[PDB]
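Using the sequences plus the hints, can you model the full thing?
Below, each chain spelled out in residue letters.
Number of protein chains: 2
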Amino acid sequence: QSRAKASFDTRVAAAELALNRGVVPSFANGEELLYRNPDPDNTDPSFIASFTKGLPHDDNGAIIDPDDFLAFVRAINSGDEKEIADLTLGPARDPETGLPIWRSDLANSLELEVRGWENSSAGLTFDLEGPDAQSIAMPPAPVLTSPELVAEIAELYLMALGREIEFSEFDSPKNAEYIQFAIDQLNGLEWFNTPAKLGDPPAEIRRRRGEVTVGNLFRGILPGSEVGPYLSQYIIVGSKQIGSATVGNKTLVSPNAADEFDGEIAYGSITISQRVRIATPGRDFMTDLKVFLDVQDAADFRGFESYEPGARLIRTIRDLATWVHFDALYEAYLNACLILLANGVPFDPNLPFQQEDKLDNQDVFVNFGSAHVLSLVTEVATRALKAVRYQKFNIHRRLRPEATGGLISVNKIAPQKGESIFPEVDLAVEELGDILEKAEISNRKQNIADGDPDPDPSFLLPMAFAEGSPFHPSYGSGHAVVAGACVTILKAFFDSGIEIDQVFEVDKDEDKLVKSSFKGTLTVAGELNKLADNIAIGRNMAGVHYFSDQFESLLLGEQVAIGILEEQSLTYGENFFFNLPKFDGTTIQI
Amino acid sequence: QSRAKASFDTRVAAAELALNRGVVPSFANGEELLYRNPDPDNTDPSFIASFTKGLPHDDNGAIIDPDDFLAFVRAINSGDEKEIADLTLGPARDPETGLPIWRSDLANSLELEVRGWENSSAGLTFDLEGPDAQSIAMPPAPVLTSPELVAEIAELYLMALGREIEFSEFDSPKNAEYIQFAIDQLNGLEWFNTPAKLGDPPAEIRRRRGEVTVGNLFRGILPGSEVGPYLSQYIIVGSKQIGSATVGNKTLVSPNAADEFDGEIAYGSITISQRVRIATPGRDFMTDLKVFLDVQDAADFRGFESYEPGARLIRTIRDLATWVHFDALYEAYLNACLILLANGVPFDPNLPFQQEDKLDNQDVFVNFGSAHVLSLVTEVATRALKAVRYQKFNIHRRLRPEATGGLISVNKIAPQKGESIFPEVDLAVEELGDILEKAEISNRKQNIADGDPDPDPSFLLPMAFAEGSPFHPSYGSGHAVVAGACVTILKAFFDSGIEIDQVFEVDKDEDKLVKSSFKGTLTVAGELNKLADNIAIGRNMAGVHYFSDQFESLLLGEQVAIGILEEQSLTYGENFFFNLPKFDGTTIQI
Ligand SMILES: [Ca+2]
Ligand SMILES: [Ca+2]
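Those sequence lines, one after another, are chains A and B.
For the first sequence, the authors' numbering begins at 9 and goes up steadily by one.
For the second sequence, the authors' numbering begins at 9 and goes up steadily by one.
Treat the hints loosely; a few may be bogus.
Copies of the same chain look alike in the list, so a pair counts if it works inside one copy or between any two.
Below, simulated DSS-like cross-link-like pairs (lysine-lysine); rule was C-alpha separation at most 27 Å, straight line [said to hold, decoys possible]:
no. : residue 1 : residue 2
1   : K520      : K248
2   : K258      : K453
3   : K248      : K523
4   : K527      : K453
5   : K298      : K366
Quick caveat, the hints were computed from the structure, so don't treat them as lab data.
So, in structure tokens, the structure goes:
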């Protein structure tokens, strides 16, 4: 047949394959319509559990008009630019200047404008590769009354309180008090001490975590993230630099060979420094109710974060939060791919032409080579993002962990002021009494530092970012969907079972890599899973994402990547497959 | 209709759109079968102008067995792994050790093995996005006897002879002798002084260059590649760093703000250093006939290049050659995109939601935002690479500039040894007289430095890389095709018309960025075209690609990107288009 018709039939075959996977229905937790206005004479939904950021809020963090959220959902579903623009974004605007009237003095003095919902209808966008954004689904988000939400927001609060704690010193006695406090608080929660019961949803059982120890504290559940040092090699260590190649019987050493152990990735002929910008230690955001409410009302606080001069390898929890703050979509995975290519980590042996050229007479760059994996790991990200945008906006609309912390803080302040509000987060408030007390101390210190001499007792989740979360619902996680997709691509493409001989950690005292005390072995698959978990949990340590968004959008991204790979496999005439170890421990051949 | 059915129909509509542009026939120059065996009693084609690298060669750089190249072509056209592996790659192997017997002492002492053709059938690979690898065409490559090839190889030889000369000092008196010699040599060539005649193919007229001046010496013909400093901003300058954002009426300044002018790109929360690894100055490769013939016989010299400690911003021509040596496929363009994003260069105003969020109520990250352009600029690369691989292997199979230099050198040595061979490059040998004399001086110096006390007079094209060119035909250029595709993506996505207020050059004396003396204005489109120019001509400055491969691969890549964008536009329900200034000077709306 003709080459043009052959290409058309290949594309139609890939589209038919995407069709044949079917559309997995997407089920929400029911919190959108479950919780109503606490007013005895108002039956409208409160939408407190829904992502209502941008829509005007009352002083308690609840929507003023549920019609605002209903129109927001209508705009999400329609996708029309005019209808999205017709949405009420932000608070009432000042008649004189046209600027929104902010509740906090900080946002008013800054003359902050509103920030819009980032791609409220990207889930309606179609894709020419991979599953449709709406074809694959995410399980229902944890409900606020669930012990899973309690454990999630507890992990978020402990991550916020431990943002200055260095990863290499999780086991160190200098952080022992806080680490043991967090471990014993999480292990005091039903979600961590009590196992899943028979009849729980498969996703609920699968994402349920066991006893929290120092070895898995603030860690993931993907295989290989809990094994070894906390941070992935690909986020801290560099790569074999230019000049360190093997030429026949002679091995040349790069004059810059120390850059591999200085956290410098050979980015072609230039270098990528793994060192992250140092966000100001101890500076948390949205710890005051007025600033938090302004952020809920779309206060564009983006870029307001202060940073220390220079850069360093990720050591503190805040360092990982900063890393996941600005990463260029596929940054972590593209960097992992660059490390694996420069380190000469072999591709999947089931790829063609991966032998020595004495045997196959064929090197691999465009297909089954460097360029192929570099392009796949980067193109999977936007389609996983479209899928997660569908999950965020059209299906779940889960409130951000900042919004949960706001509900929790208002609920905890209400008895102090004599009322009772947000009984939905009553379980969260009671089960995290000590965590919330530590958070209140931290928020008092921050609000004194912010400028309030006598700050109102605030139990808001401290935010690593001034704007807090990105302006979309928490469930699922875009960074974690890109994590799943890109790490899935890399594991399928590279020989993911290859063990990493040299395992590094960030030095506890200095800003350099040290050989990890980990006496076990780390695989490429294990460290890629660790990198995906690192980015995802770094989103958690920013206060912008719960753990379920993380893990279920990691699964969703893995599904998106599997679909993309399955469709692109129809385009290569070579006899081959991708040996892909999935996040459940199974290996699929694509 | 069903969302799954809508996704299927969108993908099938994109495939129909790709099918409807048609398959542009790909015409070769006829060089493959034009030149025959110089033997009086052998009528077989010599394939001297064909890419025969890897197949065994005689002492003159011609193929030993024409059936070898014919089987290579059959394997290219079939794509079968067994047929590719059955190809004879390299010279006769040693019966005892199994290692190939190399003509040069260097490759034998190094015990080099053969390196295989990289993706000899990647053009047979289909694409779910964009034009098919065989749907678009390049014009026939210039023939060896053409004055265009004479000008190309003269430019290559002058670039090799000028590899240690800094870009900021093209006009400087210290390099004035060489620059004027190159200008007068090129302007003495028919392709540069005589304009295109009526009846020439439109591609020849379009790619014909006029008078060579110091302002366009070793420059491109893309719009904006001739105005301003030689190097693009995006290949030398950094980007606005983390912390230098605008928050309402307050402008925060990054504590690392100097990194923008120190050649550091804000790569998320970590940094990309624009400084390139310093290749050894004056160390040229494949300057001896025996080493050149071994490289033609697939001597795997990859990684044999020596480098200086540290890194520097691209100053010398060898620096640009080194930069394009290892660049990770879309690295230049991804870096340009990262600079444009960090510098806050606005996207195309015709993209939706690009207004202030007070008006549209919608930020753009996944769609029409940072993630969208970052993913497009990287997925376009592999599609353009498949198209260019088709052009290289299945259509043109153009010999590399190293192979042209080998034919020229053998032709210029034959009268000195009383013989006559390769009258195809007779015009190049005659016209490149002074250039070939300087190249002979440089090659004799290098081969003395290599280890030959009295080296045979060699007129080979000096190569920046030990392996020389990659194992694919020169026409077209993979780096140039990725440049065209990705720079086209960036111009369509970003507001490419925005002028760059601050224009920088690498300091003539120091390794730092200095304000350019350029009193004109550089646009984003102009500097992106300049970046594609810089990558493509740095491939020329490596000795691995001619100028025609470069320009036509840039055009082809722009076609690839236009096709990909046209099919992506079928996936977005938003009312918008990409304002894309093509390399033609025209703007298409996608
Ligand atoms: Ca191979
Ligand atoms: Ca906007």
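Each hint, compared with the structure:
Proximity of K520 and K248 under a CA criterion of 27 Å is satisfied in both settings, with 16 Å inside one chain copy and 25 Å between copies. Proximity of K258 to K453 under the C-alpha cut-off of 27 Å is restricted to the inter-copy arrangement: shortest distance 24 Å between copies versus 60 Å within a copy. Proximity of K248 and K523 under a CA criterion of 27 Å is satisfied intra-copy only: 16 Å inside one chain copy versus 34 Å between copies. When the C-alpha separation of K527 and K453 is checked against a cutoff of 27 Å, the pair qualifies neither within a copy, at 41 Å, nor between copies, at 52 Å.
Taking the shortest alpha-carbon separations for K298 and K366, only the inter-copy value of 21 Å comes in at or below 27 Å, while the best intra-copy value is 69 Å.
Violated hint for the displayed structure: number 4, the only one.
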